[PDB]
Amino acid sequence: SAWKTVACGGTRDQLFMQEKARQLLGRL
Amino acid sequence: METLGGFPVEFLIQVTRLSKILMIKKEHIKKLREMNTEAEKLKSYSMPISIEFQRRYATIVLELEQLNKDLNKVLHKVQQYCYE
Amino acid sequence: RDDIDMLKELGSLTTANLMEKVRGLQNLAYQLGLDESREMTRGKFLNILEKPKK
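Residue numbers (the deposited numbering), protein chains in the order written: chain C, 661 to 688; chain A, 348 to 431; chain B, 63 to 116.
Worth flagging that the hints you see were computed from the coordinates, not collected in a lab. Beta carbons: idealized from backbone N, C-alpha and C, even for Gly. Any given hint could turn out to be false.
Using 20 Å as the maximum straight-line C-alpha spacing, the simulated EDC-like pairs for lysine to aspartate or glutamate come out as follows [unchecked claim]: (1) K378(A) x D673(C); (2) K373(A) x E431(A); (3) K373(A) x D65(B).
Chain A side only, calculated, beta carbon under 8 Å to chain B, not exhaustive [what the hints assert, rightly or not]: (4) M348; (5) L351; (6) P355; (7) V362; (8) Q401; (9) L418.
Make a model of the complete structure from these sequences and hints.
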């Protein structure tokens, strides 16, 4: 159930980093 | 039911995709980990991060995001398929 | 391509060996997921992805 959080890159800092990456590259 | 070698072919397809996603994601994680240690070194010496470094790093993050979306579903179908 | 070749490689396995592979691939997903999340925590607190302001 939460084993997928790890397996599919869903942790809180990864979602954060994805947000920063979108902003740095200018992508929605 | 379509088969290949005695197995349902749609199962083998999902396992093919699973293996391929993981191999790419492994490469991406290796690149991220080294980029972190470089940045860790730069930051320790108060040295600036190049714009090109940031861009490459951000590209790997967004690529991982997509691989993980594909990994999800594929992992689900593989799990779904393991009737055994 | 190397993808159809992998598909053929899998279909040529015994049932026991295909199942070990699936299990290995599932374990690999989890291990990589731990690695990935750790480097995402590292990168966040190194501020690699802050925009230039000066």
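Checklist entry - Does the interface hint hold: is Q401(A) within less than 8 Å of chain B, judged Cβ to Cβ? => result Holds, about 6 Å.
Next on the checklist: Is the interface hint satisfied for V362(A)? The criterion is a beta-carbon contact with chain B at less than 8 Å.
Outcome noted: holds (6 Å)
Checklist entry - Does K373(A) pair with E431(A) here, judged by a C-alpha cut-off of 20 Å? => result violated (27 Å)
Checklist entry - Is the Cα-Cα distance between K373(A) and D65(B) 20 Å or less? => result holds (17 Å)
Checklist entry - Against chain B, with CB atoms and a cut of 8 Å, does the hint on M348(A) hold up? => result Violated: closest Cβ of chain B sits about 14 Å from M348(A), beyond 8 Å.
Next on the checklist: Run the distance test for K378(A) versus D673(C): straight-line Cα separation, threshold 20 Å.
Outcome noted: holds (18 Å)
Next on the checklist: Can you verify the interface hint for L418(A): is its Cβ closer than 8 Å to any Cβ in chain B?
Outcome noted: With a minimum Cβ separation of about 7 Å from chain B (threshold 8 Å), the hint on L418(A) holds.
Next on the checklist: Under 8 Å is the threshold here; is the Cβ of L351(A) close enough to any Cβ of chain B for the hint to stand?
Outcome noted: holds (4 Å)
Checklist entry - Does the interface hint hold: is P355(A) within less than 8 Å of chain B, judged Cβ to Cβ? => result violated (10 Å)
When held up to the earlier numbered hints, the structure conflicts with 2, 4, 6 and fits the remainder.
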